[PDB]
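Shown here is one chain on its own, the form deposited without the named molecule, set out as structure tokens.
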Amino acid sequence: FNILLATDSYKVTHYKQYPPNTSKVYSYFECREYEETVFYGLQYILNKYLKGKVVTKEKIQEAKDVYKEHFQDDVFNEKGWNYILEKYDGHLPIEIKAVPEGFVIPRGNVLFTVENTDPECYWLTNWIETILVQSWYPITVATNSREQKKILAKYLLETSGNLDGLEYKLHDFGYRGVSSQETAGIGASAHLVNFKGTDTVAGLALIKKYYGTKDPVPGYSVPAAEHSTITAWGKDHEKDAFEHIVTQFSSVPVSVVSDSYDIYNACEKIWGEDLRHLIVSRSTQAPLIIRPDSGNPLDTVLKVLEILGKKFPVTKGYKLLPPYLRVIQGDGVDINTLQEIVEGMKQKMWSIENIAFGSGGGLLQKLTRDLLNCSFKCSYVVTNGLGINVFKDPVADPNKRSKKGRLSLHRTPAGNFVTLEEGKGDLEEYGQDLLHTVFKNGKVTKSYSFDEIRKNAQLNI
């Protein structure tokens, strides 16, 4: 990894575009005004990509040769980097201030800020914008996940009276659905800020390496079948597949995909008759978890619950299946369908304790920077020894307006958050800044554990 090659190309030519005599470039990151976002992921970026000696004679050479060919010109600021190499032993003269990871802050607030600690490197602050803006992913995943947790708590509570098992209603199935091995780990860890159910193993590695927890692992899983593990027996032997797997994993929870050929036939006949004796004998701590994987998410769940209800003993006002029988909808689930499904179940008078959800692509991939409008902007800049407040303000789009001057975040007397502009924070009217330095001159100054982060992101419930 060469940080000199980890930025938008045009940013290579920027050092020649700022106002002469500029000794400071101050920028900030916000989820421009999901009215509530979870701040998570910076630490990962700090350690893995910005910490220590990121500049070397070799890397400078490599960049030089690349850009020379990339621009068909020699715009690369070779001298600017050698400076950092020769004076700071390849460490970035920058200071990043940010809110504690895990913090739930309303939109339109400053989350973190970046500024060069050396006037000569006034061009460095925005050079690292590209790599820093990717924190949108961890923030969005955690937030979107947390909002799904809210939807689940609301309905689980309404239909059962408690939230027993909430931490496991949304299971991560997004490993194969994301765009890369790295994205898998980042996103899966973001999801674990809110839940404990995951099949995206890469998530456990990242958390262990960059954040850490008291317990051995942040998330857990259970044995489960996949289509190949069923179809391999042959269509005529689907029942044999089911019987084998349930017996193999008899003393623990086990999920078996039942839609290989006909999910309904499977629930009514196979599970409800042919193997019924193997199911009802199951412990409450190790139930069978039937798993549909096709057709309309809400219709299939209701139709599957309706059938199992005629084959098994169904019992606050909502119908509950036997403690040894459960269902998991792990197909076509995203924040929107999730809402439709629980509301759809609530209507049909089905308790939510009867179900769990598996979300992959909709949980870790179908997310974008526009969702929370994660943006990095220049608000302050010193030119000719004079500090002026800068900002954009497109005419045809008042939403894209950025904040002005030096920023700071404060806890308001009423216990809320307020972001102050134009250095007004220096006047601690609402107390001291909430943003703390987490990085400075190649050194990670402040770090948080996954346990802290999890605590900070708890729901009000």
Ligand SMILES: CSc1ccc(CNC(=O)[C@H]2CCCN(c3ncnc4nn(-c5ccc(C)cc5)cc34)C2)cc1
Contents of the next structure:
Protein chains: 2
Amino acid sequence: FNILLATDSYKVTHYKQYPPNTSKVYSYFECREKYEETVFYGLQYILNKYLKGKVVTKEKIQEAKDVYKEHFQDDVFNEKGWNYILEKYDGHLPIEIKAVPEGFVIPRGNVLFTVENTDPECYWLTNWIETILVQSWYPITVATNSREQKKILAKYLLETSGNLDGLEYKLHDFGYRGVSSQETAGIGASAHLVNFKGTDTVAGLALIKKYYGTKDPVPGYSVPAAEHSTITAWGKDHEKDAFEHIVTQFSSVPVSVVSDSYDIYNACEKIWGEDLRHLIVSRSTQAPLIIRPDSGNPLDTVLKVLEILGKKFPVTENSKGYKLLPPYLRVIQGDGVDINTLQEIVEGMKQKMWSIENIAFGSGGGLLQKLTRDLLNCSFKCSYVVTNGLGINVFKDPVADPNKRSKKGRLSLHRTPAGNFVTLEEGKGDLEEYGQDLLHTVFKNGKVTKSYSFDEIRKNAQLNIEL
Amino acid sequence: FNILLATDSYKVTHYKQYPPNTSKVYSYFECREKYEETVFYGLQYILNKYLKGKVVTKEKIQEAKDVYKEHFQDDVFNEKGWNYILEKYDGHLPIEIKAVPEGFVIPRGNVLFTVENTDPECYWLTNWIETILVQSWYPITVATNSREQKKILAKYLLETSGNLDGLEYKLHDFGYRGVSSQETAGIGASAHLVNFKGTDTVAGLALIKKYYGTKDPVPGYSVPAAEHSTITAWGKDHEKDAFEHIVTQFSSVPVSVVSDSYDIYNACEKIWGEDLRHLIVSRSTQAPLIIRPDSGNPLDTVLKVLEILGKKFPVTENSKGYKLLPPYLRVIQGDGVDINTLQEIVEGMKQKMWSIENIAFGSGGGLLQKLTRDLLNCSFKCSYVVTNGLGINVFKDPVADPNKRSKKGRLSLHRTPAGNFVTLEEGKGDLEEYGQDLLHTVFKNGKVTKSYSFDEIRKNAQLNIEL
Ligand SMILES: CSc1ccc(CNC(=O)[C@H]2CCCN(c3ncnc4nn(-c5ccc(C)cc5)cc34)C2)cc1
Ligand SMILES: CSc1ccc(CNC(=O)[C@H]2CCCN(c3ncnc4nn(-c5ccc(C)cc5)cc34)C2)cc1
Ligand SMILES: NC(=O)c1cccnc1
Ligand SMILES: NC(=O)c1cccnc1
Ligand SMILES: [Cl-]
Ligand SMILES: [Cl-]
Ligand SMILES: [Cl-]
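Could you switch over to the form solved in complex with the named molecule, since the one displayed so far is the form deposited without the named molecule?
Below is the entire complex, every chain and molecule, led by the chain shown above.
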């Protein structure tokens, strides 16, 4: 990896565009003003993997110089300025980054981190690294969207069952194949694990161990489960034999069995319902069969599967008046799930008097891929510069869009007297009217100065209903 | 990178699930049946970076064993199967992959690649690597959606100007900050460069040189350009000074200057139009000023910018009857651009008699992030197995969704008598009624066996209008 080749191409040219005698460029990131509050997560990964230590070498400078000469068909690369960092700082970036603690849940429109150069010669460096830092939008957005789904699950589980038992296993990550790269898979899976413990995206485990850390051996867990190949390989007329083999191989742990290869309704009513019923009603409460539909309208299919199972298996009514399958039998809907369809399904279940205890959800592309930087309006902008020794507040205020207006001056984040948050502009945090700045230095002059464990991040990101 | 920890968690338990004495599992990838045709691109990256050579070691087996013991809370990992590959094949995968040539443009619902194990003990390995291989959906989808935008641009450039000059520079990649990882940025940028030569996502250059290669030193190009920080740092009252400094700095090369920091209309009509007009009109055809709006309704902003500039600069009428700014002045719309708004903008310009020669487009999130595996229904499924020495044709036919039905048996890709594509099922390619199979072996037993340069991929992906 070469940080000199890790920026948008136009930035290579920006050192020539800043006002002359500029000794400092100070910029900030926010999720501009439902997604009212966002989980701040993922900067520590970027700091450690890409920004810390000796990130400039003579070879990296020469390689960048050669690439940019061809890419621009002109010599515009700031070799002198990069060689300065190499010679003066042993290739360590003279940048200070201050950030809200990871896991913190912050309302939209607040400063989440700031970046500035610590050596006047490196005024151009602050926004060189915008591109790599702005990619924090992704773990922020996955963690936030996963937490909003946890909010919906908690509200329906509490109403239907009177408690939150099992909440942290109700949204399982199925997204490994549906994201755009191996690296995205690990980042996204780790962001989902801020909120839940169920994942099949194995890449998230190694990322959390390497850059965050947990007291437990692993941060996420899974169970044996079939796919269409392991059912259909038996031949169409032998679906029952496949189901029998698989539940017998995994008789003492939970096992998920995709049941829609040919006819989900026939499989639940006849194969599970009658032919293999003796192998289901014998199972432990710690080792249920989890029937998995995987096609059709997600709501209609869940409701019809539950209706079928409720007629073939003993059903109890819990203390809130909702129907509950026996403890050896559960359902997972892992097709077509995103935050909108998750809400539709749990509301449809509630209307038909089915407890949310009966169901869990798997989500793949909806959880990790169908998200953009535009969802929370993640943005990085310069708000303060020093030119000719005088600080000036800088901002953008497009006439066409008031929403794109940026903040002015030196920023700080504070608790309000009512316990909310406020971002103070124009250096007003220096007046000390609002208690301590919540931004902490996390990176300075090539060194990670403050780190958080994954357990702390999870604590910071808890729901109020959990609290 | 560990291939043992690079699959969905449920796949680890699969070896147990298949029918006893299964010696072969054969699977295939398609973009299931506007996006009628898809560009096949990106498999060669995956084969080289992740699948070739010695990918199993004793340390990787031990690492996977220890992770999965905690992740499943049980010892379900197939240590013996992985050890077999390490001992018998020096850790090279006994898999054969056949694929259509990269850059080929293939209608939906055709086999694009197939995967099978070459050793009977490794029947479980075919679908182990599903997760890694299915991530090819992303470069396929970026390349396809980029090509569909090229078709729109070509249609409207041809109609408004009579030729396709400049087509390959008309959609520029702005997506580096808006994708979910560094790895995704390189993959996606490379897939856009199958169809265009303009890009700010520098990561794509290194990936193309390393895994595909080009005759030219670099596959893509850029120009100097401003961002809001380099304008707003001068202070709001000094926008004109920033513009004058930047244009002067890059007088002999094309320069893009974002002009919407405060008032885009005021900047075009008063600052560019009157105050700095002398600086603009003196510029060469090879180095025009490119005015860049970045906010408001994209079609409304483009039309109003062009009306303003048409009244301050000398407009001509080209041979098709469309208006043309002088050659030293162009526009780039780099906000809100996606396949749908691109179409809206070029059609609105045509209706207002504005030649598409006047404009280019910058796309970030829409080009590389706002895409999912569901757009082209990219899907990997087992179609053939051998059990007890007998081949059987296998598939999934969900009752609720006919679209999810998968193909049966051994597959092959052919040309029809009219020159179209057909996928033959059930081994029927062997009858030779449709000539030789189109697919080529690209991977066998740990080695890449056939490969394509980026120049060949570009040629294969050309538009008919270009041919
Ligand atoms: C469908 S609901 C269910 C399922 C399994 C069980 C069997 N173990 C249990 O009960 C204990 C053990 C740990 C998980 N515990 C859960 N408690 C509520 N809900 C859960 N879902 N879940 C899940 C979700 C997705 C996947 C792929 C696998 C598992 C785990 C859930 C509590 C009970 C209820
Ligand atoms: C807005 S139109 C324009 C722009 C610049 C020029 C100045 N050089 C040129 O003309 C020669 C030089 C190479 C590219 N050539 C192009 N030929 C048609 N169209 C193009 N667009 N384009 C672009 C796309 C994205 C970015 C960030 C910068 C530039 C390059 C375009 C031909 C002329 C017309
Ligand atoms: N475990 C599962 O059922 C699963 C995992 C990944 C993708 N789809 C399904
Ligand atoms: N070159 C540009 O104008 C650019 C690049 C990346 C993102 N936005 C704008
Ligand atoms: Cl060095
Ligand atoms: Cl599956
Ligand atoms: Cl910009």
